[PDB]
Amino acid sequence: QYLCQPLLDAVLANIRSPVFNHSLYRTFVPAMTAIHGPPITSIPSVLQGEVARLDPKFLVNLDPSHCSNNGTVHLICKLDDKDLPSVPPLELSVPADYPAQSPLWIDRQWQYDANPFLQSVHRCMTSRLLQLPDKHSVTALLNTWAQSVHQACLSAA
Amino acid sequence: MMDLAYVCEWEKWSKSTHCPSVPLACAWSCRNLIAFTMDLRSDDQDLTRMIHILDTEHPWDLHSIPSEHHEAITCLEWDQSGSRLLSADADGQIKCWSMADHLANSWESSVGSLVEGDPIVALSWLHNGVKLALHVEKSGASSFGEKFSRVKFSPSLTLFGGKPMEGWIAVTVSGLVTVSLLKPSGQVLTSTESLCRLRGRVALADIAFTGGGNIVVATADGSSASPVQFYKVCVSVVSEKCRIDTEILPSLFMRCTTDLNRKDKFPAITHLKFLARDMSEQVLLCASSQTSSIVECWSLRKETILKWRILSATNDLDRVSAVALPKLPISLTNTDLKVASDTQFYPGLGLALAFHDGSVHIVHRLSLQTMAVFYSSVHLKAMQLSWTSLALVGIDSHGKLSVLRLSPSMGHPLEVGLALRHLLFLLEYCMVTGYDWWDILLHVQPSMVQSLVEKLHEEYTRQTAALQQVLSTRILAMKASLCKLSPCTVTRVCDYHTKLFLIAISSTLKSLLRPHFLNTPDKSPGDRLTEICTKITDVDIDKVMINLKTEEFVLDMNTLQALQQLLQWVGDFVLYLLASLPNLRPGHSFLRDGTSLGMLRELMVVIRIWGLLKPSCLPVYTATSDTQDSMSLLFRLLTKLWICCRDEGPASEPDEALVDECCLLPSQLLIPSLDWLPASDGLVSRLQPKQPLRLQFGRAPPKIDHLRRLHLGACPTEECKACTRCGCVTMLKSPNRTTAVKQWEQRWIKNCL
Ligand SMILES: [Zn+2]
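So the protein lines, in turn, are chains A and B. Sequential numbering from 13 applies to the first sequence in the working numbering. Sequential numbering from 1033 applies to the second sequence in the working numbering.
A hint or two may mislead.
Claimed, not checked - Partial pick of chain B residues on the chain A-facing surface, computed with a CB cut under 8 Å:
1. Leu-1739
2. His-1743
3. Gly-1745
4. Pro-1767
5. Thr-1771
Quick caveat, the hints were computed from the structure, so don't treat them as lab data. Quick reminder that beta carbons are idealized off the backbone N, C-alpha and C, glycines included.
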């Protein structure tokens, strides 16, 4: 500001002119040249990474059915835990632009029915997924599945 | 030596799928401009309905015109002067494309004709009625008129005297012909008519002109077992439209079918051509079977009164896919064949043929005999030749373009003198006309550049006081282009082209001032000022100014401000030239030339007068001498340097006193800068013989406005225009138009030197 108002006034009163560059060059090239001399001489990566960094209790892979190589992918899950029994596969669908959103779980009510243990698992599952917050990931849901199975097994015996 | 110049291909254009084959077209204009279309079928139909415009000097950048056509484009034609393009396809839609703002990278159309549902099979422009004849025997006649002789055909549809009328004629798939004429304004007159009462399939058609203003149309059904009909057409504009009068001409029948040995072969006709447009006395036919083909020629010479006979027929040919005709107008007289045979001069005796292999043949015109065979190591679908026939362009069944070098010798060794005579005779043809010479530069060897330049220099002289007046710019430009190929003389080009500028800036100033009172009658102001300046050899500038009638050199004090940049450039050039004495330099040629120094000498007295009239327009010298007249100091040294060369053949060397006094000059006058205009970017200086070059799309393996001396920033803001040949860059829309030298700006709207 101070000591430089005339330059600001000159620049503002000169701007958006077709010959501004020519004027500036012709008025300021020679002294600068003389004083100093010459001038200077499919599947998104996030899903692949999160699958790579999951606990070896899970071996999730692509669904043999449904579409592929798109923004929305489908995965089928299997649980291999020595301390827990076998449960339905609990497949998932991943929408496009997975970060900053949440995946959804495809419920299969008839699969979990006809057994008190399996429907106890299912009601604990519904409770936990209602307890999960927004913007959650798939690893959190898988861990919730494992913990719900463990809690149901503990409650049974 | 038949050779390959360079192959151009485009990435991602290939790898098409589910694409049926479609015929293509190609067109070569007077300037080195190529207009074509290529089969792409890449994720859009319109890529197969675009017009590709290519410039041979810069093959890498291509222009695409998105034509609004609904079907496959059939034919493309250029005008007599390559300023407009005619395009037609199926379902009518004949369009006339015009150049936009005189830019070759922008096209727009506002004129067209349409017939609904009928594909067009033939299309042509109307004739202007001027042609020339070239005699190789008189190549040393030392007379431009003696070499290239006028033939005097007659023009078609002459109105209001000897000025022809422009338009086009088209023939559809059926027996239907349409004629369109263009008024001097934007008005267009269109008409349609039926050929004859016999309405049938017309698969092939051709159009030719005859002396007297008549059109010959040839129609072929294509069954090889039916006659080829010929009709005569006259066009007359009876006060409101163009009426067409048609009548029948004798027909012919195909050969190679009465041989009674094996006639089942060759069951279809595939090509019907006229041997040369405006030459309707020779017709070429080409029939083909699934495996082999036959090509024949017929004529209508006088022995019924008129009959068609057989001239030649080849032994056996493969499938024919492309045929191309010469464009050079050979005289074809009996006395010229012997002198064109003893000397290896074959620029107009060749017909180019392509087959379904990688083989391209050059066959003799009068008798169908093969003389040149080329193998590519695929087949060629569309191809064209040049006006000088030094090269041919070809499009294969892929995304590749090829340019092939055709030599007049065709492998036969020759001496230097015959080659020089051939090259100069070919260059004089482009000298008389407005055609370019890129294909001629494709063949000039670096070794014999100096001989060509000097011999062309004496060819320029000893003309009848009128050809020299209108060929100065062309004689300068041709040798400026020639001198850049030889590394021995590569440094002299800046001595030529810059010199050209010195005329222009001097030509617009002597005509810019109009005296308000005449003095010294029967003498132009430029001539009187030049003779006054060359009559007085006074050392300083104040004595000379007295006797030039300073009261007359008065302008409107508005164009004077616009001239400031030119005067500053003149002063900077004077300072640089004077400071170049103490030095093979880009400014060496002006030291030994007297006329240029003299003209630059009187160029400054007038600006001294103007500066004393108005001090703001004077060039801004940065001299470290406030009490010394810098421009008078420059004038003294310029006069001293001028007298040493104004003698008729001086052959003198400057004395040491001049050398030291110009040595002391930079201690007082700073040298700001200079810019060299001939930026080396052409492919002529980069190509090598028997070294094919493969270049891709968009690869192309201190910015100043060269027209008006205006400096731009580090990165320019507004878009500009670039010259093709010289390579100069200039602003597109000039900033000052209400107050500018209209005598200087109007000289570059169409073309640059
Ligand atoms: Zn130019």
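Structure-based check of all given hints:
Against a cut-off of 8 Å between C-beta atoms, the interface hint on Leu-1739/B is violated, since the closest Cβ of chain A lies about 14 Å away. The criterion of a C-beta within 8 Å of any C-beta in chain A is met by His-1743/B, whose closest approach is roughly 4 Å, and the hint holds. The closest approach between the C-beta of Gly-1745/B and any C-beta of chain A is roughly 4 Å, which is under the 8 Å cut-off, so the hint is satisfied. Because the closest C-beta pair between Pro-1767/B and chain A is about 4 Å apart, less than 8 Å, the hint holds.
The closest approach between the C-beta of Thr-1771/B and any C-beta of chain A is roughly 12 Å, which is over the 8 Å cut-off, so the hint fails.
Going down the numbered hints, you'll see the structure goes against 1 and 5, while the others check out.
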